[PDB]
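Student: We have chain A already, so just place chain B on it with the hints.
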Amino acid sequence: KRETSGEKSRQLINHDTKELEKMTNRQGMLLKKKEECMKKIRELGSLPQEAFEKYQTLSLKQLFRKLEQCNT
Amino acid sequence: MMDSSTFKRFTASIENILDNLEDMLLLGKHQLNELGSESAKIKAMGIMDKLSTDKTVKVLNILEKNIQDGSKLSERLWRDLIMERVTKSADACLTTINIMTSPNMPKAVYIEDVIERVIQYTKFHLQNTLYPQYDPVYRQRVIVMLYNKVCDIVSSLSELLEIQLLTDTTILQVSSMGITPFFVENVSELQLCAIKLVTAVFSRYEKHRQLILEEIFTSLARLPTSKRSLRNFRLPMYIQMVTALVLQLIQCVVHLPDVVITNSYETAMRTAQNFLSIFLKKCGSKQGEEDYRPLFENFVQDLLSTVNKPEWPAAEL
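From first to last, the protein sequence lines are chains A and B.
Counting with full-length UniProt numbering, you get residues 245 to 256, 915 to 974 for the letters of the first sequence.
Counting with full-length UniProt numbering, you get residues 1193 to 1216, 1231 to 1280, 1293 to 1357, 1380 to 1475, 1484 to 1505, 1524 to 1583 for the letters of the second sequence.
I should point out that these hints are in silico values taken from the structure, not numbers from a laboratory.
Using N, Cα and C, we set each Cβ at its ideal position, and we do this for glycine too.
None of the hints are false.
Derived pair list, reagent style SDA-like, types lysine to any residue, alpha-carbon separation capped at 20 Å:
no.: 1; chain 1: A; residue 1: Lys941; chain 2: B; residue 2: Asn1322
no.: 2; chain 1: B; residue 1: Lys1264; chain 2: A; residue 2: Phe954
no.: 3; chain 1: B; residue 1: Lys1264; chain 2: A; residue 2: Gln951
no.: 4; chain 1: B; residue 1: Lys1261; chain 2: A; residue 2: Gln951
no.: 5; chain 1: A; residue 1: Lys942; chain 2: B; residue 2: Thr1407
no.: 6; chain 1: A; residue 1: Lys941; chain 2: B; residue 2: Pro1505
no.: 7; chain 1: B; residue 1: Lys1264; chain 2: B; residue 2: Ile1337
no.: 8; chain 1: B; residue 1: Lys1261; chain 2: A; residue 2: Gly947
no.: 9; chain 1: A; residue 1: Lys941; chain 2: B; residue 2: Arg1444
no.: 10; chain 1: B; residue 1: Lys1261; chain 2: A; residue 2: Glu955
no.: 11; chain 1: B; residue 1: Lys1447; chain 2: A; residue 2: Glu945
no.: 12; chain 1: A; residue 1: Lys942; chain 2: B; residue 2: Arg1444
no.: 13; chain 1: B; residue 1: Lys1325; chain 2: A; residue 2: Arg944
no.: 14; chain 1: A; residue 1: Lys942; chain 2: B; residue 2: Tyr1445
no.: 15; chain 1: B; residue 1: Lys1325; chain 2: A; residue 2: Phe954
no.: 16; chain 1: B; residue 1: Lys1264; chain 2: A; residue 2: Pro950
no.: 17; chain 1: B; residue 1: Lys1341; chain 2: B; residue 2: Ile1456
no.: 18; chain 1: A; residue 1: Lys942; chain 2: B; residue 2: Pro1505
no.: 19; chain 1: A; residue 1: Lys942; chain 2: B; residue 2: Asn1322
no.: 20; chain 1: A; residue 1: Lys941; chain 2: B; residue 2: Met1323
no.: 21; chain 1: B; residue 1: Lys1325; chain 2: A; residue 2: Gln958
no.: 22; chain 1: A; residue 1: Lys942; chain 2: B; residue 2: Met1323
no.: 23; chain 1: B; residue 1: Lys1447; chain 2: A; residue 2: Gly947
no.: 24; chain 1: A; residue 1: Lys941; chain 2: B; residue 2: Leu1400
Quick list of simulated restraints, FRET-style, between CB atoms:
no.: 25; chain 1: A; residue 1: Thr959; chain 2: B; residue 2: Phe1202; range: 40 to 50 Å
no.: 26; chain 1: B; residue 1: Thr1458; chain 2: A; residue 2: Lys934; range: 46 to 56 Å
no.: 27; chain 1: B; residue 1: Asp1331; chain 2: A; residue 2: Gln964; range: 26 to 36 Å
no.: 28; chain 1: B; residue 1: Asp1195; chain 2: A; residue 2: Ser961; range: 36 to 46 Å
no.: 29; chain 1: B; residue 1: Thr1259; chain 2: A; residue 2: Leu932; range: 26 to 36 Å
no.: 30; chain 1: B; residue 1: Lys1447; chain 2: A; residue 2: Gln971; range: 20 to 30 Å
no.: 31; chain 1: A; residue 1: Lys934; chain 2: B; residue 2: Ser1416; range: 41 to 51 Å
no.: 32; chain 1: B; residue 1: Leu1279; chain 2: A; residue 2: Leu932; range: 53 to 63 Å
no.: 33; chain 1: B; residue 1: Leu1583; chain 2: A; residue 2: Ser961; range: 48 to 58 Å
no.: 34; chain 1: A; residue 1: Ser961; chain 2: B; residue 2: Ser1205; range: 36 to 46 Å
no.: 35; chain 1: B; residue 1: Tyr1531; chain 2: A; residue 2: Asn916; range: 52 to 62 Å
no.: 36; chain 1: A; residue 1: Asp918; chain 2: B; residue 2: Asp1331; range: 53 to 63 Å
Partial list, derived from the structure: chain B residues whose beta carbon lies under 8 Å from chain A:
no.: 37; residue: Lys1325
no.: 38; residue: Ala1326
no.: 39; residue: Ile1329
no.: 40; residue: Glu1330
Isolated chain A (complex conformation):
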């Protein structure tokens, strides 16, 4: 997206370019919050078992229900 935004700004008037730059800055801040994510698992130090690969669900919605019920 940043690549495409830069391309569009380079071909071009100014208001669309600064909107593209500000939304890439929001992308950068989203990158910033997606930087702590592989450390936050690291300080957990979680203990994995043999049943890791069988729980293969990419829904991410019933997964939250599973975490809620396990907490309960």
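Tutor: For chain B alone, coordinates are given in the frame of chain A:
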């Protein structure tokens, strides 16, 4: 060296020929012995940029190996016996080296089952073999080399436990072994390694202070009480071991990140005062059939014997 891929490919060839010939049930002594010998330092920087699922399958394979003598319950069959324990002890060495090897270690390249397995292997085989013939109260170079492997594996266990959090269902028994050998005779370097382990478990977790002090006070009567080699910690001026154990518990808890310093430090004096209060009240009265007084006198002369050295503080406290 940024890669030094000049024996990285040597080891990588070793595991790929191994898992080819085994996966498509034992791998023998000599190969795994040299594998651990090279694993000492060659992969200690080069373990990075290696295939993860191969690591999972090899730790599963050596897990299934250590299953065989896990709680093994054991003139010519004794040769098979000794070679079985030496083979699985080398396997234990490969486990405890392989897990710790990288300075930054990616999650779930390990499962706690194998660490549990090496722990129970350590428990049973140590209490079965090494204590009775190094302490006759509980009652050729193979025992010595097994001993050295035990020392190395428990040291690596200590630094591995400092590296990452473990579950309490591991913490209880690893603390049990960390305190266990402190009442037999010829185990001094094991006792240093046990000091390292109790540093790891004690500074890493704040929830087992009560636990540790209770198993401390339980078996104090098992002390050797011998004039020979009672003080074996250099600072002449050799000192008794469990005194320095107490000292390093005292200085071990800091929890360095504001007022966290103050509350943690007063927590340290509170933990110390609970320790010494309970120890004193157990000592003071004369219990049936035994006493805790001579423990208290030798303990305190060692305490004021190490009163003023810049790497042993808090004796003044």
